[PDB]
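The form deposited in one PDB entry is given below as one chain in structure tokens.
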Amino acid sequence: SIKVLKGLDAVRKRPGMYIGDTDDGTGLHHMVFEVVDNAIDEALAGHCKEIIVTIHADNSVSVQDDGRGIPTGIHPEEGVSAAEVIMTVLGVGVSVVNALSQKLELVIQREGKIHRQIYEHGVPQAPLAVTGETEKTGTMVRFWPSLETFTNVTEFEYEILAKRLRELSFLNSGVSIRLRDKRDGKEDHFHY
């Protein structure tokens, strides 16, 4: 717990070092790319077939995959869900995105259950919890970048995300990638 909080603090103290320039939009868009890269890893492993990337009307971004779902069982050493360990302990890792997010929402569908957890600046608000039943599997991460970290360029650029997602669809030809902008209704579907 003290180690977790110190590691998150290490990322916040030197955020450009972990995520890229925090003033010119590079780091901001790399936050999305890190989350997408985890979904792509789940596609490379043979589990994920579709990835949905949403720019919400409030300039948060979500990434949904249909992979296995991050494991949810208690990780013995930490006494918290494996998912929480992945989200909070230091491809820079999704924990960097969590550390640099004012808020992050995690929803996992796995082993017949839906699980949800909220973080603020990487601090879990409650233990991962069951919210219902599902026959689906996958992982959804929605994050609200911290305005204490990201300056000047704070709004996501549809075209920057679209170009990278098109590249990833070409390089992962089986994967379907959807991009949706809730700010204006724009959407794209990349599937080689």
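Residue numbers count along the first chain shown, from 1. Think of the rigid core as the biggest set of C-alphas that the two forms share within 1.5 Å after superposition. What changes on going to the form deposited in another entry:
Just a single entry of 43, 162, 140, 52 exceeds or equals a 2 Å CA shift between the two forms, which is 43 (rigid core superposed).
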Second form
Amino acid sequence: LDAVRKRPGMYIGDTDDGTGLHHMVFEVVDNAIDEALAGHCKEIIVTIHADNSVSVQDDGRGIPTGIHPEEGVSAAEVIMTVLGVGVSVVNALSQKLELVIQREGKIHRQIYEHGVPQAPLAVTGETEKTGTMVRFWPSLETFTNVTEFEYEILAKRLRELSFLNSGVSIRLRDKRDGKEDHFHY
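Could you drop in the structure for the form deposited in another entry? We only have the form deposited in one PDB entry so far.
What follows is just the one chain, with no partners and no other molecules.
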């Protein structure tokens, strides 16, 4: 991820005017929509948290957790740490990122800081559900001037995506003021 850290604007977009900041959400959402499409219920939930982080959840199968035979770490960690720009870019540019995967009866969790895994992906409990959740806190070392998520910028794009990905339910929630929307074509 050092090439991303060196020139963040070249991967994510302008880091001063809010472009890049919002693109971080859109990259995660692209992956969440792919995941939701391969499941039965087909819903994603995008939440703006009061602490300026965003989470994106899907109810798909869960991203793969098994050890990548070449890289020797979980497949999930490979996706997060190896170079759509890819979620690894989001991870590199987040001061914190939390990954939760529900798959094959188990909850799996991992935390990253500035793209660095804090421990290996780990099984933390049991579950009947399936899906993936990524929550990220954008790095305020990278993102300047515009540092807070604008609801309407996210809403506009999710609306466009709902028409293109018809049959996928998209929920948007703002925990700062309780604003919410439901896009479903």
